Amino acid sequence: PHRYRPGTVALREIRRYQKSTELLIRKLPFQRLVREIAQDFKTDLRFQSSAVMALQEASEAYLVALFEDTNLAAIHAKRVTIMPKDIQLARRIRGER
Amino acid sequence: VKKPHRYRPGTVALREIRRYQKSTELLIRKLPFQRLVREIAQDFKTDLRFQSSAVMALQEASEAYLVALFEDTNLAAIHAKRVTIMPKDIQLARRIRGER
Amino acid sequence: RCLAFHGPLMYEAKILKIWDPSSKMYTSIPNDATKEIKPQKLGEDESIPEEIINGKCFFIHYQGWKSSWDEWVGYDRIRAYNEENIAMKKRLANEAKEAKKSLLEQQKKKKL
Amino acid sequence: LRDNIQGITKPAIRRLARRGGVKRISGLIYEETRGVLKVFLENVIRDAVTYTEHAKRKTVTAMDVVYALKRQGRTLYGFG
Amino acid sequence: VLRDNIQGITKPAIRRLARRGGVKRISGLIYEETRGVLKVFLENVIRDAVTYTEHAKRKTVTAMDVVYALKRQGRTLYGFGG
Amino acid sequence: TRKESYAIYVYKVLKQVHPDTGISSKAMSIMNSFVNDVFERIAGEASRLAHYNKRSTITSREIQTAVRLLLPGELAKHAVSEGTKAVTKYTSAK
Amino acid sequence: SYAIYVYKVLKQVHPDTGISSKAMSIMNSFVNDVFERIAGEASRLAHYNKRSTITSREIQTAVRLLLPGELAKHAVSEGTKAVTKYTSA
Amino acid sequence: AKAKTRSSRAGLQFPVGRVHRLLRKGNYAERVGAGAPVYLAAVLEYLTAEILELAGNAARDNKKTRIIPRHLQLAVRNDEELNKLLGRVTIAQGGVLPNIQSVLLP
Amino acid sequence: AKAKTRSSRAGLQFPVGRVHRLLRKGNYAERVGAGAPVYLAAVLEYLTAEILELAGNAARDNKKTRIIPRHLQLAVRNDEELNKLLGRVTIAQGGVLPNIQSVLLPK
Amino acid sequence: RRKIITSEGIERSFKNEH
DNA sequence: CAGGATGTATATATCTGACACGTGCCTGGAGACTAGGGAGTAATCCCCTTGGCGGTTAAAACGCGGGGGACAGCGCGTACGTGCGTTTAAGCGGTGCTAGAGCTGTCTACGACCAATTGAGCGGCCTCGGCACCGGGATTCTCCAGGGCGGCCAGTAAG
DNA sequence: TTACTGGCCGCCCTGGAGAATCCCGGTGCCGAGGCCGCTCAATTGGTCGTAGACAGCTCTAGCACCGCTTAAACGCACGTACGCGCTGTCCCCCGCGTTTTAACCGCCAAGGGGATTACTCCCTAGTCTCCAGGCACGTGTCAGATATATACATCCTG
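Residue numbers (this note's numbering), protein chains in the order written: chain A, 1 to 97; chain B, 1001 to 1100; chain C, 2001 to 2112; chain D, 3001 to 3080; chain E, 4001 to 4082; chain F, 5001 to 5094; chain G, 6001 to 6089; chain H, 7001 to 7106; chain I, 8001 to 8107; chain J, 9001 to 9018.
For the record, the hints were derived by calculation from the structure and aren't laboratory data.
Just so it is clear, CB atoms sit at the ideal spot from N, CA and C, and this is done for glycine as well.
Just to be clear, a hint being listed does not mean it is correct.
Derived, one-sided and incomplete: chain G residues facing chain E with beta-carbon distance under 7 Å [unchecked claim]:
| # | residue |
| --- | --- |
| 1 | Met6024 |
| 2 | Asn6049 |
| 3 | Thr6061 |
| 4 | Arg6064 |
When the alpha-carbon atoms are kept at most 25 Å apart in a straight line, the in silico BS3-like pairs for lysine-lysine are as follows [unchecked claim]:
| # | chain 1 | residue 1 | chain 2 | residue 2 |
| --- | --- | --- | --- | --- |
| 5 | D | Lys3070 | F | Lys5054 |
| 6 | E | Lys4039 | B | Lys1088 |
| 7 | E | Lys4059 | B | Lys1045 |
| 8 | H | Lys7084 | G | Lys6073 |
| 9 | F | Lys5012 | D | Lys3056 |
| 10 | C | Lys2110 | C | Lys2100 |
| 11 | H | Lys7004 | A | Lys19 |
| 12 | B | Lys1022 | I | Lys8063 |
| 13 | B | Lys1002 | C | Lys2097 |
| 14 | E | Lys4011 | B | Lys1088 |
| 15 | E | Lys4071 | H | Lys7064 |
| 16 | C | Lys2100 | C | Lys2090 |
| 17 | B | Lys1022 | I | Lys8084 |
| 18 | H | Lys7004 | G | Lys6081 |
| 19 | F | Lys5003 | E | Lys4059 |
| 20 | C | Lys2024 | C | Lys2038 |
| 21 | C | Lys2097 | C | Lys2109 |
| 22 | I | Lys8004 | F | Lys5089 |
| 23 | B | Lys1003 | C | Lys2014 |
| 24 | H | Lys7063 | G | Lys6011 |
| 25 | J | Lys9015 | F | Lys5012 |
| 26 | H | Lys7004 | G | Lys6008 |
| 27 | F | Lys5026 | I | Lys8064 |
| 28 | D | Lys3038 | A | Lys85 |
| 29 | G | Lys6022 | H | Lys7064 |
| 30 | I | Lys8025 | H | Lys7025 |
| 31 | I | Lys8084 | F | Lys5077 |
| 32 | C | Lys2100 | B | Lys1002 |
| 33 | H | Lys7084 | D | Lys3070 |
Turn these sequences into a full structure, and let the hints guide you.
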C-alpha cells in the first residue's frame, strides 16, 4: 500500500491550520467545561452565548502561545517532541507560574 | 609530585554561590557603572545632570534584572541537561518571556 | 633570579633572601613601603640543606606555589636564572609530557 | 458534568499544538495540557464572576470576560 | 563626552551577578553577550526616565523619575524616593 | 517643605505585632512605598469598577470587588473579613 | 461607536476596499484601548508633576512613552499639525 | 453664525468633541485644556490610518475586497513597529502568522 | 463638642481621614462615599500588619532586633501568596532568596 | 544554615492579637 | 534520476445573508459670556551635583594546568504517527418556556461644600544602644594517599 | 572423563592536612527614636442638591430538549524515527598565584538649577439656547461562501 513517512503529514497538518482561523476546541464540550468551573465560584450562573465564545477564543490563543514557547524549548533541548518538561519550563520562565 | 592542594573544579563556585545569595551588597562596581549611565543619557539629551540617588535607583534595578535573567537562563541550561550556561540560552530565556 | 632543580625538572623560583652561610646569619628582604634587607641570625627552627650552605646560601620563593607551601633547596639545584636553564626545564617538561602518556600505554595495555 | 476536562480530547490538543508549530507531541502532553487549561479558566472565570457578582447581575456577559481577561494582561479585542 | 564605558562592567562583575543568580559554570561568550542585554535595558529605562525630566522642564533627572520609568515598563521599585 | 508619609503608622502597627522590634529607615521607605502601591492598585481598581457599571461614585462595596481581584488567595478571604469588621464597627459607633 | 469614523478613514486611504462588521469591532475595541492607555498615562503624568489640568503638552509626552520608535516620530508630527491648524482658525 | 464642528475645523475626521467629552467624564483630571483633545484626535487617526493601511494591502494581496479580522492579524504581526504596541493584546478570529522552525522542516 | 478622630471610631491604626482625602485628590471618581476610606484603611492596615509580623519573625531568626530590607525580601518571597501579589516588584537592597538547583550540587 | 528564616508558620492567623 | 499519487491551489458557476447606502430622528455638541483659580513670569538662594587631588588598597587582568564537561558518534526499541474501521456525540435547526437584562419613574438618604475649631503629624535636635567591624582561636569542610574487598583462572578433588 | 577453592589482582572510608568559616569578645559609630513646638489639615455642625436605591414593568436572550446527518473521536495495527543512554574525545573554563590598575574615600568648591512667593492674566468650567451629525432602523444590490470539477504540486519508492 501507500503511506506517508512519519512527519510529512504533520507539516501538511500545520500549513492547513496556521493558514486558518476557525476555532479548534470543540464548542459544546467547552460550554460544559466553563459551566463546571463556574459552579464552585457561584451557583446558577447563566452565560451569554457570546461570553462562552470570548472565553474560547482566549483559551485557544493562550494555548497556542504556550505551544510555540514549548516548541522553542524543545528545539533548544535538541529533540523535536515537546514534553511536560518543556511545558513546565515554558511556564516557569514566563513567570506566569 | 608537588601538589598545591587545589580545590576541585566546581566547588569554589558553589561556595561563592552560597556566599553571594546570602549577602546583599551591590555587585556591579559603582563608579564604572555611573560613567555608563551618564554616557547613555548623553545620547538622548545632551548636558544632563543626574541626581545621586537616580543613579543608584538604576543600578539597583539593573542588577535585579540581570539576576532575574541568569536565574532564568540557568533553567534553560539545566534543560539541555548541561551545566554551563551559554549565549544560546540568554537568547532563549529572553524570547520565552516575550520581551525579546 | 634563581631556578630550583626539583628532581627531574626544575621550576621558576625567586630569591627570597641572600645569605653568607659562613656568617651563619641570613639577610632577607622583609614583606610589606620598601622593606630594606636586614641581616638576621640563622633561625634554629630554620633547617638548611648542605648544598645550599657550603657556598653562599639563599632561601627561595617558588612562583605559583604558596608561601606556606614554599620550601628550601640545595645550591646544586640552583643554577643562575638563564634562558638556557629555562630551555632544559622545558625539554624535561616535554619529556615529562609524554611521560604521563608513556605510562598510559600500560594503561592502554591494561584496558587492552 | 462530573468530568468534562476529559472532554477536551486528544485530537483537540493535537490540533491546537499543530497550529502552534510542533511536529511530534509526546503522549504525556495530552493529559498535562488539561492541567494548564484548567488553571487558566479558574483564574479568568473567578475574575469574570466577581465583576458580575458586583453589578448584582446573574449572567456572566462578554463585557465581563473581556474585563477579566484585561487584568490578566491578555487583553481581548472584538467584544467591547 | 564619554566613550567606551560598557566594557567598564568588569568581567568578574558579570559572574559575581551570575553567582547570586545561581549558575555554576559560565561559558566564554556570556560576558560579551550580557553587556549587549544590559545596554538594551538601560536605553529603555533611561529614555522613559529622560522624557519625564524633559517634561517638567527640570534639567536634573530626579530619583523619583527613574521609579516611574520602571513602574511603566513593569518592574516596580520599592524604597527609593517612594 | 513637608512630604507626608505613612512612617508614623507602619511603625505604630509594628509595635502591635512585635512589641520589641524596631524598623530601620531604608526598610521603612519600602513599606512607605508598598502601601502607596497597594492603595494605588485597590483604589485604581475601584475606579474602573464604578466607571464600568456607570455608577459615578466609589463606595465600600466597590472596594470588596476591588480587593477580591487583586489580593490573591487567602488574603482575599481575610482582608474583606477584616474590612467589614471595621466598617461595621464604624457606622454602629457613629 | 468609532465605527463611522473608522469607515471615513478607510474609504479615504482605500477608496475601494470594504470592512467587515467584525473588523469595525476590532477597531472600535482598539481605538478605545489606545485612547485609554494614552489618556490614562496622561492623567498619571500630570499627577507626578503636580499639574492640575491635562493640556496639549501632556498628551504629546504621553505618546512618546507608549508608541515605539518610528510611530512616535510621525504621530507627534501629525498631532502638532492639528493643533496649529485648529489654532489657525 | 453657522456651527462648524471642531473635528471639521481642524480638518481631521475623528470627533474632537466626542473625544473631548470623553476626556472630561473619565475623571482623568479636573480640567482639560482646549488643545488637548484635538491633539489626541490626530494621534488616534494616525494609528488607524496605518493599521487600516497595512490591512488594506492585505486584502489586495489576498484578493478579498472586504477586510476580515485575519487581515488585521496580518497587518500588525508582520510590522514590528506596531507589534510592540500590540504585544499583550489578542485578536479574536486572527489566527497566527505562518512559520515553522528550521529543525522541524525535513 | 469634643473631637474624636475618625480613625479611632473605626478602631484602625492607619488614618482613615488621610485616605479619604487621597481618594478625592487622585481623581478616582467624581464622588467618594463615606464607607470607602474606613474600608480602605483596614485592608492597608491589614496587609502592612502582615508583611511586618512575617518580617519580624524573620528578624529574630537572624539574631537581629531591627527590620532591614533583607528581612523583608525574606518575608515576602518565602510566603507563596504575598510573593504572588508582589510578583513584579523588586525590593531595593533586597538580596535574593537562597536557591541552588539540585543538579549543580556536587556528588 | 547560618542565615535562616526556617519558615515557622505560613498559613494565615487572622489577627489573634486584634 | 523516472514516474504514479497525492493535496492544495485554481476556475466557473450558483446562490445568499450581509454589509453599504437611504432616510428619519433626537440628543449631544457648537455658539456666546463670563470668573476666578490655575498657570506663567521674575529674583534668590542655597544646597547639592560636577569637578579636581592625592593616597591606597581592593580588585581587575593576566598567566597556565588540567580536570571535567561539551559535543560528536552510535546502538537501539519503543512511543510515537499513520491509516482503517467503527462508533460516538457535535452541530443544525425548532419548539416552547421563563429568568432576568435593561429601562422607567419616584424621592429619600448621602455626599459635596463651608466656617470655625483644634490636635496629629509634621520638621528639627539630640542621644546612646544595635550593630558593623576586627582578632584570633575552635570548628567545620574538603581532598586525597593508603587501605579490605569478589572475580576471576590453576591446579583441585575427583565419577 | 568430570568436576571449583585459593591466590592475586580488584579496589573502598578514613584519617589526617590543610583551608574556610564560625564565635565570641571587645570596640566605636551613627541613626532609631524619643521629645519638643506648631499649623494646617482633619473634625464638627449645618445646608443643599441629586445619585442611586428601590419598585415595577417590557421584552431579550438564554436554557431545555430533541431528532437527524455526519464529521470528528476512538481504538487497533504496525513500522520506524527518535530520545536516550553509553563511549570516546578534546578544548576551554575554573582554580590559583602574580602583576597592574583605578575605585574609593575624604576633601574642598563653585556655581547651577530646583525650590520658594508675588503678581498678573487669561483660559477652561459652568451655563443657556438652538440645531444637525451620529444612531438606529430599513432595504437592496452583491461580493463572498459553496459546490464541483481541472492543473499542477510534492512524495515516495524504486
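The hints, checked one at a time:
no., hint, verdict
1, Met6024, "31 Å, violated"
2, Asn6049, "5 Å, holds"
3, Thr6061, "5 Å, holds"
4, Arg6064, "6 Å, holds"
5, D:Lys3070 / F:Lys5054, "18 Å, holds"
6, E:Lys4039 / B:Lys1088, "18 Å, holds"
7, E:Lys4059 / B:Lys1045, "10 Å, holds"
8, H:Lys7084 / G:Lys6073, "15 Å, holds"
9, F:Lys5012 / D:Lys3056, "39 Å, violated"
10, C:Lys2110 / C:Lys2100, "15 Å, holds"
11, H:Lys7004 / A:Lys19, "48 Å, violated"
12, B:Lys1022 / I:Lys8063, "15 Å, holds"
13, B:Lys1002 / C:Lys2097, "16 Å, holds"
14, E:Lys4011 / B:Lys1088, "19 Å, holds"
15, E:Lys4071 / H:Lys7064, "43 Å, violated"
16, C:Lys2100 / C:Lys2090, "15 Å, holds"
17, B:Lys1022 / I:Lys8084, "22 Å, holds"
18, H:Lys7004 / G:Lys6081, "19 Å, holds"
19, F:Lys5003 / E:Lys4059, "22 Å, holds"
20, C:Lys2024 / C:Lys2038, "14 Å, holds"
21, C:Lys2097 / C:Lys2109, "19 Å, holds"
22, I:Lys8004 / F:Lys5089, "15 Å, holds"
23, B:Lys1003 / C:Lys2014, "19 Å, holds"
24, H:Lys7063 / G:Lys6011, "18 Å, holds"
25, J:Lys9015 / F:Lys5012, "15 Å, holds"
26, H:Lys7004 / G:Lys6008, "18 Å, holds"
27, F:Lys5026 / I:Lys8064, "16 Å, holds"
28, D:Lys3038 / A:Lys85, "18 Å, holds"
29, G:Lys6022 / H:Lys7064, "15 Å, holds"
30, I:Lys8025 / H:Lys7025, "16 Å, holds"
31, I:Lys8084 / F:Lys5077, "16 Å, holds"
32, C:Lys2100 / B:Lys1002, "15 Å, holds"
33, H:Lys7084 / D:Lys3070, "17 Å, holds"
Consistency with the previously given hints fails for numbers 1, 9, 11 and 15, ordered from lowest to highest.
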